[PDB]
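Here is the structure we will look at.
Removed from the display is one protein chain of the complex; every other protein chain stays in position.
Should a chain be cited, it is by its letter among A, B, C and D, assigned in written order, with residues numbered from 1 in that chain.
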């Protein structure tokens, strides 16, 4: 059976092809003690690093979809195979995912490690947004995938990709977490360490939502306290936040909040559709597929619907497809693809990798 | 029963002899994907290529009545027989049409394919303008046939053709479509791809008309906006065009608009009549038969009547016969001819083709 | 009842003996298509060939009174009997006409066809000028007969012919038509085909006249435009001719216009009278009978009167008898002769033709 | 010194009387730009129009020997006098040529322009075929002259013309060029513009020849490729033609190829001889003089010899005189005539033109 591993930037989602859900879901973190021991492992990975984060410095080996710490990335892959899935990687073909427009050396180094360190029989690196379309049972649609590191738009029509219309934005969940940490200082809450960043991320996932109209929401938050909610910190301290709940996700629609010049995800989606041929835009307007953890904010589909409707012609039918399980769409789509009989010719086996070299990994790479 | 196939340049009109209308009418196009697939046929034909034209490069295998891509032409014939008509071509004699003054090798290669690839029992290649006269129930008249590729005049008197008076002009619907694409840039509309050319062709068939007096119409279009009409593009964008509605068909009467030196269709019709014997001109003046899709513009018969009246002597009765179904006149006339008991000796059977060789196809070829 | 057929050269005049006018009058032409058919008889005869002459090559089987195309001559005789008169030639004796001084084989071959192809019971070949004298109710006079092919003078006195004084001139209507075609090129009108020759012949019969004094008429035509008349061609073009109206018939009086050395019809008439005995010249001078279509020009009798008066002695009374129906005088005279009880012994029956052979047809043949 | 100008239809041949060759030989064309200028004369004449024909519409002011555009004809005469010959026309008597049986107004208008626009001291309009006999040093012969516009036969015996035997045919070089353009479409070559007609004319003059036996030549051309020759177009494209080489000149012997009813030049020559007196036919048979550019095809004299021999009695000696310089025979003969001391009384001076008016130009006009 095939292994499907979706290591985006924040989470590792790994399982077996054919299943409906990933077997192992844990943070893609490596923690090392920042104090000296007196009574003791060298490093902690995943959920283990998350439970001991008080005495650890947490590091993400993937930043903006690009693996920057390869020794830590091997630790995470090692724990995924042997501790979480408890398999021998030399017996299972492995389907990996990647964001589009990544550096070529990222996929090449990832292939060299899977074949020479873990000795997988075959492997394949798919594009994350394409797998999200498999999960929704569609052949046409523009996929907006947004995780912890990268947000990207990929339009697909009748099974054909339009690579020239692919848009990538280095604004995602991790940038929203850092922005929430910044604006939480307005209320006197100081989160600075890598362990406290994990607390702010949990605050973001519990309390943050997308306002349908940002300016009307800011007036409501300034008028009363009906939007304020409380959150209990791990030490028992209770914090209360008001407009920070919707100001943090608003960065997705106004990237200037964090000093970025790019347009929001609604205009990026619209600009990607407008780069496509005029005859396919109507189908793309009706098949906006949202994918990834950063699309899980309450009210984001209604806001995207409202924003794209204002940009598109009035006669087009704008339809945002936001399935409830869209946080696992990339993994579910990879589970479907790795189980197709037509896909079994697309595997890059260990034999044809020793012949063609690293150049073989860049097929269907846009 | 006999098959009647009228593949002019833009459309394939195929059916069975004896019927009143062609069974299959679809564009004579072959589309191939101009992007790479990621989720997938090699080529698309006819209406199938028209519905997926957003991701295709569309090619017409016939240009100016001459088959230039023979592999694509066989794809279209194959889909016509097996997918549209759903017959076995080895059981039906096939009547094909052709423009006059075509290259000899075009009809010879078309005959070799029908006998060796499709194994038809017999076949015949008629001239398109002669069939249009059959459709109108006449034996005398000058036929002005104009499709997507070629416009030609053929005078016939009492069942006798006058080949020396036959005139052919490589200005037809496709050249008008390209000219409309050019003058649509005056209003900021940019249609460049082969898929957008199909959109402009649909604009031409909906909104374009022939002005009775071109200079008075240009003054009216410059005075107000009573001539402007709107058209909704497939993506919801609404375009508005004014004098482009009648400037595009005016190229038929002023070929210098597209840089051609030839005279318009009115002078070509008059010059063809004046090459005929003086004793038959009166009957030709009263039997101007218009045929083909490019004669379907509103107001073209009144304009032709006005232009030829100004050229002919004042005592002649100019009568333009423009039947409402003249877009199918060639097919309808071919359906009548293929059902005549007198025509059953004119078939070129497979046996007499293996004996006389390709030379036998050039009988009654003018 | 007897059939009277007067086939001179240009027209077939056929009817029944006893009538006052020929039943069938049509051109002695056979037309064959000079183009190929595409939608169709092999040949057309008479008025049928005249109405379709635009696509035909017209041929006269009789040239200068001599039948040159015998297969076409049989077609004309066949259509005369079965289509125009609608009779069985095997039930009616047939009176035929002929110009004097014709080749002997012309009458012999004409007799063989009437007896072996049409199986007439009896036949007779009369001289055309003698029949014209029957029509005028005279026994004395010099007949000037002129049709399309031949002009001849035959003097008759008290019922006796003077064969040594018979004069024949191969200048008639067809030569005048060809001369009018030639001089019409002076005004830029080009008639060349056999169909256009029929148009010029119609122009000749409508507009041409004989000038009383040719040189005074040429000065009047060069002084103003009072002699110019217009004629509308079949295609609506209007032509205007001036002195060509009287220059064409002037060839009858000046045969040098067409390069002939002979004298005009006035001198030929005078020379024929002067070859007769001196005692009969006075009666011949007073009985100049004009006959045939070429004597139908306005002013020809006054011109003949003036010209012969200048040649004859001043004491002679010159009288030109030009009856209004002189175009049918030969047929009318043949109708009178074939109805005489004294003539019923002159028939050459089928029985006495099988005995004496072709030699019997040359009785009373001068 | 006298000027000799031979402007037939296609070429202007002008020079001085007494020379052996015309000084200026250039096409009788006027070209006007059919596009608009952006960086520029109004019109171009002769060789200048021929070198810029890519952006010009070329017009021949003479059609079928008849001047149809008088303003353009004056441009050509103006450039002939001032640019090509570089003379003052008011100092030189001008000998002009003309085809027989031309409209009277053509010579009258040509005389009015030479006397009132160019103020020539004297002028004379000769017949082209008569000058060709001067060039060959003969007094007896039938001249077959054929240029670009008109073909005509003029028999002359002992210095006397026989005008009644003069035959004129509006089939010449320009009609052969148009027929070659038509049959070149059989091989897929499309020449339509007036500039491309000049290319086809150059093809005709290089590759076309007269087949001795047309049917045997058609079998040879269909059997192999020994008759095929190549021609490089101005843009570098190479075309190959086979039987079109001899099918184009065959129209001279079979005018039905272009839909004309007339007989070929061999039968027209024979019919012209048979209209002459029987005593001069033997000398005409032995003195068939060919003249003009359209008689320059290789093998035309041998074909004419063969065709007329088959028509003439077997005891006659048929001799075709085709001198190598017969393309300039009309000009050379005009140079000889204008240098004769006996001809100096035949000039029509400016004084006697103001007295007699336009009527004086029609002397010795047949």
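The working rule: contacts are C-beta pairs under 8 Å (C-beta built on N, C-alpha and C of every residue); 3 or more make two chains touch, one makes a residue touch a chain.
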**Report entry** Option from A:41, A:164, A:187 or A:363 whose C-beta touches the chain left out
**Finding:** A:164
Query raised in the report: Of the residues D:236, D:313 or D:324, which one touches the chain left out of the display?
Result: D:236
**Report entry** Residue touching the undisplayed chain, where the options are B:41, B:187, B:317 or B:363
**Finding:** B:187
Report summary line: Contact with the hidden chain, among B:23, B:34, B:78 or B:109, goes to B:34
Report task. Quick one: say which of A:262, A:271, A:309 or A:349 touches the chain that got left out. Result -> A:262
Query - subunit B residues that touch the omitted chain in the full complex - result: 34-35, 57, 182, 185-188, 190, 192-194, 222, 258-259
Query - Residue ranges of subunit D at the interface with the undisplayed chain - result: 33, 35-40, 52-55, 193, 195-196, 199, 232-238
Query raised in the report: Of the residues in subunit A, which ones touch the absent chain?
Result: 66, 101-106, 162-165, 168, 170, 256, 259, 261-262, 275, 359
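In the analysis below, only the chains that are shown with their structure count from here on.
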Report summary line: Greatest centre-to-centre gap (Cα means) from subunit A is with chain C
Query raised in the report: Can you give the rotation angle that fits subunit C onto its twin subunit D by Cα atoms, in degrees and rounded to the nearest 5?
Result: 165
Query raised in the report: So which pair out of C-D, B-C or A-B basically repeats B-D, with more than half the contacts the same?
Result: C-D
Requested in this report: Using mean C-alpha positions as chain centres, tell me how far subunit B is from subunit C in Å, no decimals.
Outcome: 55
Query raised in the report: Quick one: subunit A and subunit C, Cα centre-to-centre, how many Å?
Result: 111
Report task. Could you list the positions in subunit D whose residues touch two or more of the other chains? Result -> 259
Query raised in the report: If each chain is a node and each touching pair an edge, is that a line, ring, star, complete or other?
Result: other
**Report entry** Pairs of chains, among all present, that meet the touch criterion
**Finding:** A-B, B-C, B-D, C-D
